[PDB]
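Asks: The lines below spell out each chain.
There are 2 protein chains.
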Amino acid sequence: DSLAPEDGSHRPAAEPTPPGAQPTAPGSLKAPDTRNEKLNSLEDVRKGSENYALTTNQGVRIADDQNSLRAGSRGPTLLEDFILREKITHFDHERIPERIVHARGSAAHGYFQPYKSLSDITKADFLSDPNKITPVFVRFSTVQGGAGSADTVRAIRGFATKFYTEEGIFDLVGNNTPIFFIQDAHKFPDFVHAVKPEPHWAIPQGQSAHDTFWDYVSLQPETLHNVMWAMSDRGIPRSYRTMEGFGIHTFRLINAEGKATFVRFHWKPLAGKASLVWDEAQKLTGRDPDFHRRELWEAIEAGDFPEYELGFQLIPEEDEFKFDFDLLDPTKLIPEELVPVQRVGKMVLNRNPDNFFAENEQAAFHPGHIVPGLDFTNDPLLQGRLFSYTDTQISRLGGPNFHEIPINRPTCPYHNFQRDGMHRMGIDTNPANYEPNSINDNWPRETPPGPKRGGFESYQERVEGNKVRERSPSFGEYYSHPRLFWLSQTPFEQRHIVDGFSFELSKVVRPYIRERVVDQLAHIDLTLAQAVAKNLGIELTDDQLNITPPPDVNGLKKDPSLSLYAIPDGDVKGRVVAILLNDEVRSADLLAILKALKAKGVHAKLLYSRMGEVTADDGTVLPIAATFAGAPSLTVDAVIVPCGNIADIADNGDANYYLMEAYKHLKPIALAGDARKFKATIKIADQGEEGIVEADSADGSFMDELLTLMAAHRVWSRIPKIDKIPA
Amino acid sequence: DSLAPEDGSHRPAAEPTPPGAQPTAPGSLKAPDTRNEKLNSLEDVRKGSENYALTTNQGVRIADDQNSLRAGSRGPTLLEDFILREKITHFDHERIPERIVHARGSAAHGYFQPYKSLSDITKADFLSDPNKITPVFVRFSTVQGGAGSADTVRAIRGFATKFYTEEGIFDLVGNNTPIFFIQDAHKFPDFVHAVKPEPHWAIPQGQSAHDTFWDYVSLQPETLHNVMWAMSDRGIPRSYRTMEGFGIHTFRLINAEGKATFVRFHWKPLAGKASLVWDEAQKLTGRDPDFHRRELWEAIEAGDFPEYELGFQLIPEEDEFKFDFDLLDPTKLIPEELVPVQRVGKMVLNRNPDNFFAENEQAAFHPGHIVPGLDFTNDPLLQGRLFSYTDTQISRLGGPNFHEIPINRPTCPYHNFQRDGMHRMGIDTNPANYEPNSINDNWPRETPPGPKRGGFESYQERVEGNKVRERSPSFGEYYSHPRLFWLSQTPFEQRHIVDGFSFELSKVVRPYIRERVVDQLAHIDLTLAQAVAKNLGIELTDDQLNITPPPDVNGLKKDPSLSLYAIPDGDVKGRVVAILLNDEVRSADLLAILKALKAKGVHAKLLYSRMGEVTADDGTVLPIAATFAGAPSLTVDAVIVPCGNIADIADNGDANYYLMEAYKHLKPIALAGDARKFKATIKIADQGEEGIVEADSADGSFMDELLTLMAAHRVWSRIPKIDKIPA
Ligand code: HEM
Ligand code: HEM
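Going line by line, the protein sequences match chains D and A. Take 27 as the starting number for the first sequence in the deposited numbering and just add one per residue. Take 27 as the starting number for the second sequence in the deposited numbering and just add one per residue.
Do not take every clue at face value.
When the alpha-carbon atoms are kept at most 30 Å apart in a straight line, the in silico DSS-like pairs for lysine-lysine are as follows [unchecked claim]:
(1) A:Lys599 x D:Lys703
(2) A:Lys599 x D:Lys533
(3) D:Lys750 x A:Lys703
Quick caveat, the hints were computed from the structure, so don't treat them as lab data.
Chain D on its own, in the form it takes in the complex:
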């Protein structure tokens, strides 16, 4: 019609902009100049809209898209309206089956680059040269919930990366914890069914806080290690950018000389590790179920590209049996204290998709999609995975041609004798559809293995034993890893774990299941067990109190790399601050606050009791981002309150409650001049308290003190103080 505003305000700028500054938009409109090979190769399917006639799928233009065709303007709809029928028909068939697991996820385009050639240890083309850039598509996710469940639930997160190499797609389909729950793939449906919503009533969505999960866990002690990790703050990450990623399984690197090295893949978050606290995460699933998704998208639109360092734990073939645990057991981790992570490369995510359904929804990642230079191992969990991803995608994606769906296509050439199938796009001209053939001179042809561009040959591992359905006795050890994890945690981390098991176990209706988990915890650590028992009104028996603790892991009593916070890796860029306005802000405070934040790449959100504008003491007009209720403290990392007419919000329940929720969830809080009248709301001494920045104005050290607090993430020392506080 010509419905946009004449000021062109309906359209976000094609330049990096801070979160909330502009309406968010499709990747290619938001950042047209951010390219990569894969992004360029999708131009054949991108479709514009501006200046084009509205049409049917057959290209016939539509005159009236507001009405069905009827016999009289008040008459019956006619079957002949083919415009209405194609339109409703496409609408009626929009949905596809969501992923069996990892239905909820958020994705983005990016690129990867190795620091140096790894040719000595792997002939994988994407790792052979530091100037070799490989496009990537990454999808982060939760395990249990459907596609419409919440982001900040407690859960293990999925971390899958599609590498569009020159010698094939390589998918690294990992999680954000270094182990999995089960050992053998045959039990996946059992474990997954136990964690998913119970079969009679489909409750609860996106949560393990229910009977079947803990029932399973309590009868399968192999699960404890990963359960420890999910029960910790690892299970509620601050963002997909602030968690670690792992392949979990031991795989093989094969070099040109044919030598196999055992490898465990890792991703290190260059923004560091940071997690929410439980009450915040649970509230955030309600106030904004799309928090991670939104944050990922906005970090990319703001230029805060999520960056990760690919790392490798490398173990020589000769050291296979040198640990107390089996290298092929997925419920066991390789302590970095024993086997360090070697820095391999950097992955940068710098552009959102155009259409979520087309790119994110249909992305198909598979762990068996490896390339020459990599190989598998006999890890029994991995072994079954190679069966499952290929299988599930014939029904999710409607057929065997899911590789022709734009996001999934190789950027490298692909030729073979495979034909037909639903949705076939490629029109093969080869006179032959079989080999060996003479009619096309046998093309395309097999290709011998070699140092570069050769065919895929599996490493000749010796295989020996009888056909058996048997767990390896080396896998029958379930408690030392959980114990190692436990002892590597800070005290406040240990308390949060205790609190996760406690909350969780309290949602289990059948008491005996709770007791059974407590007994299992007593096999790991008595202090953990007791603390959780106590929260559940359970007493340990004299026998539980004497269970002998599991042995150290290869002599290790703790590995600080297992903690989120024991070793400071804080990084403020991309974090966000809430600024609580009033109707006459000391503009001097605001300029100081704002400039200091921007200097460190920390965003702000101007908040108030209504939308619109307020005018500072000097006449500066301040645009309001959202209300105290509309953009709660759960969505920010810190809260700053500038002086002015504090009496304007001093008695505002929402303004006060904002501070209480923020204080409760250990976020740094800064009160300027009269804003200190809010000290009484959170019971802050006259003298002060670590974690609360206060001054007569937002000058001098005020923002630096506040920014040092943001660097340590949360004010852990405040925990005991929050114990009470009614919020």
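Given the coordinates of chain D, assemble chain A with the ligands onto it according to the supplied hints.
Replies: Just chain A with the ligands now, with coordinates in the frame of chain D:
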């Protein structure tokens, strides 16, 4: 191994039990004796489990379900493991496409029966005899969210009823507001795209509080009427039990003489009308996303069967053109003050399904599934709905044999000449698959229309007009119904409509969209318009302040049946109270509480700061349902604090906050003896305040106050008092 507790406490008692008294279960195990003809007919596919051997789907017994088959215990998985491949295959193919709209839904079985024969106005066999029961299957849903989205979001609610009649399936597919947002089916996809997650980033889930929704609404004022209902407390019902249901369109009733009568369908909730408040509801999507689901399932397990009265608005054919709105326009309601709802029958939902997926997820409802005695009209929304339910179902349910899926099958005879199709169950023995045929003597045969048991014949409506794509000029009025709704609401209802609009519009990033919506509100009612503008920081212009209000609706200045609360309809049975224990409960207080609660059918949930048990003063051991934080005030209708050792909880942060939250959400609170010391936490009154029950002990009087309050649902008079509270 891994067996049941010795004490049989793993399995629920098969009798009515209050919410949380026992683990919930499949309905046929929870209520084996609850039967109806449809329930019974599902018996061919019910599958037990106890005492049976674990097998593949081919019936082969499985010996070891813990392991894959491998060449040695540390070896690779073999391809010949068929047990493992069927098991994982089934698992990989579990998911089917969710419903395009209404993916989130909760269902149950029950029965329907007319109060009296309606044979004078319809020949429909299910309404012809008061002692003729019709088995039903009902599903309640939200519109926008995915199948894993949250229940208590702001949304219209779907209310679909599947009637298994002796003359065919009749599905009455309605919503909880008497109108829909749009006029013509052609605009369905446009509207549902505008409300669903935005296409580039697939945000936000289950919410209309985003730019596309308000943009669409601002450009199409026909939506305003249903938008009014959505922003009022009708958009957040307290349960599926406490909402109304409506078929929206005008359909027809055809009697045996052939007289057509215009009919609008209604359901009256016999538990009364009641809704949450926004903050409660939004917070509840985080604390318990499956709250309506759970509540329905528990009410049914408890014997608090959801009951609805089917009612009819009847308009003689000669009154078609007598209102000042077109009867065929679905953005218009028929005010009860003009055409009264006639009581027709009662529907009781008395049993949950066995398997959610099989029964709820595959259920297929269609507004075109009518039977003889009913018929359509030219409503242009309805007309397009006839095309779509049928079409979507072929992909959603994988083929044209969706009527053979157990929950969807008719209980009456079905015989025709349609053959084949994917997953065909029915093995047809008829020699003929066409008619007319001589080889089977033309069976099955056509049956003439007639008063009872006759074939379907459409009412012979006269059709006169040109083939046009045109909106009837009479559907061109968009403001007087919205105003009628506005003016018929209580003051606190009006405020909640204002706040809903203010909250939602504050989440619209592009400010001109806010503005255009406010301008549309100014066409409806200037008081309303200014209340929203004020909250958005917007100033109406002179022009806007001079928009003439729309006319009354046939002289109606207000209609009290449009409001949830003007006419009191309180019913406390099936509600639930939180009882905050301390560690030395005064058993006499508790005794009295429970007794009074029991006499009115109100359930209790005993809460404490830890799980397990507390012992009252007389040695009674009180098992704890959940902790203060574990089951927040959001989940209960009122709070009772008995005396005893109040010092145990007086300083508990979660206990104080429990009360503050409940207070803020206008729920009745009862404090006894030393519990009255919590009056300071909810910082108000000392002589007391309407809505806070208090006494030296919980007596008969004390409980009568509380039950009276609960019978009014919320403490509306406390509204002015909650916005200073920091909660
Ligand atoms: C170390 C253990 C595992 C890890 C780290 C893992 C990781 C993941 C991730 C990250 C995704 C989501 C991919 C996306 O974003 O599209 C996924 C999906 C999936 N996983 Fe795994 N998984 C593991 C074990 C298994 C096992 C044992 C099986 C079954 C044998 C399995 C079957 C599946 C299937 C069927 C999907 C859906 C994939 C699709 O539809 O494309 N996973 N897994
Ligand atoms: C007054 C207007 C409408 C009402 C009251 C309404 C109501 C409903 C309800 C309650 C459901 C959920 C059924 C269930 O629980 O399985 C549903 C589903 C659906 N609706 Fe409507 N709807 C309306 C308008 C429309 C229109 C105009 C269309 C398309 C022209 C449409 C297309 C659909 C589809 C495709 C489904 C999914 C059914 C399935 O997958 O089985 N609806 N509708």
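Asks: State for each hint whether it applies.
Replies: Each hint, compared with the structure:
1. A:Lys599 x D:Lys703: violated, 47 Å
2. A:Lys599 x D:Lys533: Given pair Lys599 (chain A), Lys533 (chain D) holds - Cα atoms ~25 Å apart, limit 30 Å.
3. D:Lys750 x A:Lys703: holds, 17 Å
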